[PDB]
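Novice: Next come the chains, spelled out residue by residue.
2 protein chains.
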Amino acid sequence: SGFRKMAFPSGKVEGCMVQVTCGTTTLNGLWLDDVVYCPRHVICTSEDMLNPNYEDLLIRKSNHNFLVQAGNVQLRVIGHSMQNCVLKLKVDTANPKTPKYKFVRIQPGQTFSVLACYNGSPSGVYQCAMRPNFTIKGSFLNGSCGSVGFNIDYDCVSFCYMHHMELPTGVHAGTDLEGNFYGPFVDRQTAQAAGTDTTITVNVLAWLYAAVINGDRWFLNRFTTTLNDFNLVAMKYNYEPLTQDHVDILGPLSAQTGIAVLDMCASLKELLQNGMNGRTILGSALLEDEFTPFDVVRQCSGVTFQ
Amino acid sequence: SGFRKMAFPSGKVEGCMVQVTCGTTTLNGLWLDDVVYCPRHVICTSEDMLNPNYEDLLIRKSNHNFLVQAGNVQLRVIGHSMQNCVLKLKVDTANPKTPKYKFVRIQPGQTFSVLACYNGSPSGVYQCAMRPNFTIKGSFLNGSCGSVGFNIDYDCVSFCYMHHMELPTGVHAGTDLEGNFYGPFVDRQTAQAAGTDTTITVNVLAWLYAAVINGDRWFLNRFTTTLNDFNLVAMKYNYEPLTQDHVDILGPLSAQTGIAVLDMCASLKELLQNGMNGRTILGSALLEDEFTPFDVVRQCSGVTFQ
Ligand SMILES: *C(=N)[C@H](C[C@@H]1CCNC1=O)NC(=O)[C@H](CC(C)C)NC(=O)c1cc2c(OC)cccc2[nH]1
Ligand SMILES: *C(=N)[C@H](C[C@@H]1CCNC1=O)NC(=O)[C@H](CC(C)C)NC(=O)c1cc2c(OC)cccc2[nH]1
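Those protein sequences? They're chains A and B, same order as listed.
So the first sequence is numbered by UniProt numbering: it starts at 3264 and just counts up by one.
So the second sequence is numbered by UniProt numbering: it starts at 3264 and just counts up by one.
There's no promise every hint is true.
Identical copies go unnamed one by one, so any copy, or any two together, can satisfy a pair.
To be verified - For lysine to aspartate or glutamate, the following EDC-like pairs were computed, each having C-alpha atoms within a straight-line distance of at most 20 angstroms: (1) 3532 - 3319; (2) 3268 - 3526; (3) 3351 - 3439; (4) 3268 - 3553.
The hints are simulated quantities; they were obtained by calculation from the structure and are not laboratory data.
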């Protein structure tokens, strides 16, 4: 029993983090096989940062301008290339700890673990959601760039995120491991706006099912609703429209708890309209939206990895 | 910027988790050097837990009744002993992945990372506090006993917790790695009460300092108070009394934010008396008490380990 924001064990990723230095700037990179992946702004100087021409800054640099070290081991760089917003440095030695791995572009509302790193060394791990406006609510300081987010499916690490910037509002933005930003952001020292963020309805409902599985049941009611009528209440309170694909995803949970999806929608509707009344669900006074239905199912059925 | 409940990177601990089988029952153990540590109730049969005589169940068992598996490697058991509520299995081979480590008995209000495991393999990691009533608010299913809690200081893992039971109210209890329970709990299927749980006042203030560091400042006020006067407010509201030791520990944070401890107590008093008014602090509608002052400084100044 109990239910926590839980991250994936980070052993397989800690083994891949290295420090990458170019001139003054140091950040993190990801060492897999014979390639190190790192954010490309490692090649900026404190002036050229307000609008860099990265194709023309990469030209002033040769391999040996790139200092890569795994722990105290220095790696020899034997090639370098730019793909979108990441640099890829070919190194002489292939990471003996390379896990079996995939590169995956994640979808809004999906969750992943972040291993926050500084100077190539892990500091901590936490779970995160890719918000609908393509930001994440993380904990990142100077030097954190190159930190990666990931999921683990059995033995396979799915890398989905590399960290690149903090926006004005204090949320975070970054790329997939192909260097393509999530969202409309660019890697330049400019003030960029994220759009308005809705709440992930399908996740809030999966959390209500976790609550019920764990004994927390005061929010259950006698009522019902329809997908279209609840969706009017979702608009008003800034929740993503709920779809029949979402309904289908909540079904194994609906079928474990004996509570049909649309009656759980009805319980939610009434929490949105009247609030919680100073009570709590799974220890929270707010509606939590960073658990996918998969997360709820992993944590209530006990899925392992190694 | 940002602030999350972060766990320590779990790599050094994953290398130590193994499976321990005694008849029908399988749970987790901790392999360090040539010794495996696991909860002694691995030797109970599904009947005997209501009142076990552990010395007399442990006598019916020989080395070879204990099957240890580290991944797929079966370890040979060459000795066994009971120390308080933990079994110690002497195995022929020393764990090649043994980190530098100590066993530590932590104090109420200190935090630690939990690596939750099943069948000897890691499922996930989250951060936890030892409540004042010596329980923890975790996420543990059947098979999770033997999961351990730990802190990392640079290169040394400090093991502080091994998981043994869930109480009626759905909180959790366990031992230090010498097998002594935190709290008044015993390892038998009996009706056991956690005491009344107070809130960890020194941690709530540490979270308010974190909030201010990160821009959340709306709870700051013009008023002040005294140590004895706020403590009258802490009693009524179920908070542990604040001491000048606590003041002294909150001082480096008071000196980073330019806010003396007693002015921050004053902000808290009025949150306790008036609520939050539908607002949030660091994304929470509740007052968080599972960040120690140390945790706040680790996360706001970016401390690393590996
Ligand atoms: C990576 N090391 C760092 C991570 C930030 C540091 C502070 N918290 C983070 O998450 N990234 C950056 O510093 C990034 C570098 C560019 C060249 C890609 N810049 C920013 O992240 C940045 C610029 C900025 C402005 O205008 C300059 C205004 C508000 C916020 C902001 N953030
Ligand atoms: C260990 N593998 C397991 C962990 C539990 C499983 C369910 N959630 C957990 O945390 N421990 C036990 O099953 C433990 C066995 C020993 C201590 C004999 N028993 C309990 O944890 C337990 C007994 C109990 C009773 O019986 C009076 C009543 C309410 C709750 C409860 N929990």
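Novice: Look at each hint and say if it fits the structure.
Specialist: Results of checking the hints against the structure:
no. : hint        : result
1   : 3532 - 3319 : neither (54 angstroms within a copy, 57 angstroms between copies)
2   : 3268 - 3526 : neither (25 angstroms within a copy, 32 angstroms between copies)
3   : 3351 - 3439 : within (13 angstroms within a copy, 46 angstroms between copies)
4   : 3268 - 3553 : both (8 angstroms within a copy, 13 angstroms between copies)
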